[PDB]
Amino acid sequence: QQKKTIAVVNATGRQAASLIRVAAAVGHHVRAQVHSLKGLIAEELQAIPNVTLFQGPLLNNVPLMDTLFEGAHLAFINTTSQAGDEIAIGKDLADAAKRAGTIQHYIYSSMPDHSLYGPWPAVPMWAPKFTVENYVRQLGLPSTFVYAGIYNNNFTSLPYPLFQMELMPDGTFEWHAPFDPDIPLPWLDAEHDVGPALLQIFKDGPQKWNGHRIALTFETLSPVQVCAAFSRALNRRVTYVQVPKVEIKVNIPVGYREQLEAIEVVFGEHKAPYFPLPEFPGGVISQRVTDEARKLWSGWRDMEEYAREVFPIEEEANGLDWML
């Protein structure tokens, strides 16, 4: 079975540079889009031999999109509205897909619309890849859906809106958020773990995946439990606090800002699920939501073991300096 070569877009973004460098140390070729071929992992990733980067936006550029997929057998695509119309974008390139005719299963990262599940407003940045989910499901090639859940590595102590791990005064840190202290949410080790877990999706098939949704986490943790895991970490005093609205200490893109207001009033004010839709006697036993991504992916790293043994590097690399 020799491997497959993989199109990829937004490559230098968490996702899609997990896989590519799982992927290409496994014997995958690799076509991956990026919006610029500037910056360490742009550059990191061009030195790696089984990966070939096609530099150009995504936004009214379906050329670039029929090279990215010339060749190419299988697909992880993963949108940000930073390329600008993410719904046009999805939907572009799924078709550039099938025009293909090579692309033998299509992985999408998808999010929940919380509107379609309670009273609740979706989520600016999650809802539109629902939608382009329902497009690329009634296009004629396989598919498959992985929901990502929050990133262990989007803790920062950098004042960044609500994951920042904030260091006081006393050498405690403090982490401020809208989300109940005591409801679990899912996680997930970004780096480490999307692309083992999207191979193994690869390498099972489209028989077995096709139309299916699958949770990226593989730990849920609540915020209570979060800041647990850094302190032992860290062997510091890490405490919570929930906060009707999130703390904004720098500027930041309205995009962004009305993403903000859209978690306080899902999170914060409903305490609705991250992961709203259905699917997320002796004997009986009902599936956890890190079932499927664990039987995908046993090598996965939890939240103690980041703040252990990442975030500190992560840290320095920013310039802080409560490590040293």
Contents of the next structure:
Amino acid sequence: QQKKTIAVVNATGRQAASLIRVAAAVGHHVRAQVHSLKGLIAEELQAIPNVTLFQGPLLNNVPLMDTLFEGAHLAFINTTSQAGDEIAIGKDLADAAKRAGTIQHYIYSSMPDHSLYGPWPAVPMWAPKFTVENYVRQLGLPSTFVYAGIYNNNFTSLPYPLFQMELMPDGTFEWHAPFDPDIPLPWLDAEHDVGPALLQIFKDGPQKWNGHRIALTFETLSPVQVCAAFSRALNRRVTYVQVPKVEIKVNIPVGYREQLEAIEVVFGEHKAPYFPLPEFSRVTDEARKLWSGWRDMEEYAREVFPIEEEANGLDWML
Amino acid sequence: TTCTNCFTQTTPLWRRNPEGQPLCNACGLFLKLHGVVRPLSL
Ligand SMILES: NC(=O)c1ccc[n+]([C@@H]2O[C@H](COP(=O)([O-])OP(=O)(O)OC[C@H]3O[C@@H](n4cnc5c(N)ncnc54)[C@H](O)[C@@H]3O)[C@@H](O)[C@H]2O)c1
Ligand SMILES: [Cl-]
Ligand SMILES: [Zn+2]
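Can I get the form deposited with its partner chain bound as well, since the one above is the form solved without its partner chain?
Once more the chain from above appears, this time first in line as the rest of the complex follows.
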């Protein structure tokens, strides 16, 4: 009923920003930690009225966490490895949240630890989250865990890793990834659907979701099918090409490399599920039930891809 | 057609604004559930 105050970290992150825009819009007050104030997203969030920002790093910084949860009734927590040890940060955040005592619903965005389901290795930017999930549960915080699917918007023709929908000379598009071309993977339109869904979860309350794990994915497509979607949306021919490794065409930070190499082994060699957890092994049922207005890959493909490209610096759409 | 809000032309179902304006599924459903127009980025 009443609109409560929500604590969010990594405000410029796609999941958080999506939640923040819709939350502030409907009347919720937001308190969010951002690494930097400079930036398009950053600047935008600053502009939104009831959005109070706290600039500073999360790592070994309990004073910031305490402030963040002051007067906070809800919380959506999604940390990024870039900020440092996600386990130590995720645990400090949970501690502060309980220490605040006003949190009635703590939504932690989690990810699987693949080594717990097969001879597979632990994807370094995923596994750590599963540990924090356990720690949240351990404190007794009324919580809910959401597992995000692969973002539709990771796609770009630009030379960025793993999800480059490259523009070939002959005006065609080709996407090179380790993923099996036929194995359906869970996708999610972060900017379009994370916010609405999170709101619905908060509106539902812990009375329904407490302790639950929810797969935040609204559609499952294979690398080939995703390619099909782009093709019948841009009028051009798009083809998928399974490559043993991730083509790093630019200078990426060390931590992000380790991540990809792991992705290569899990999805490239072993062809393991994105969500290897038994409860997730349709997985999209809960999400669609929480939010019926999701954006599939085709709409993303036709309505957003062209637009993001142009703004990014490309004119193949003209 | 075209959503009056997000301007998308691709949507699984068209809905309407209390005034008569066409909104896509998401925007229409969002306004109905939360009371305000679906905010967009940028
Ligand atoms: N991309 C996907 O498809 C996908 C799917 C499931 C889970 N995830 C998980 O999502 C998490 C990331 O969350 P997101 O998608 O909401 O964010 P994001 O990838 O959209 O971006 C995070 C933003 O925060 C900034 N940032 C955060 N800490 C920083 C620091 N210490 N120094 C400089 N910049 C910093 C980044 O540069 C960037 O602008 C990851 O842990 C990832 O494993 C991603
Ligand atoms: Cl941030
Ligand atoms: Zn719309």
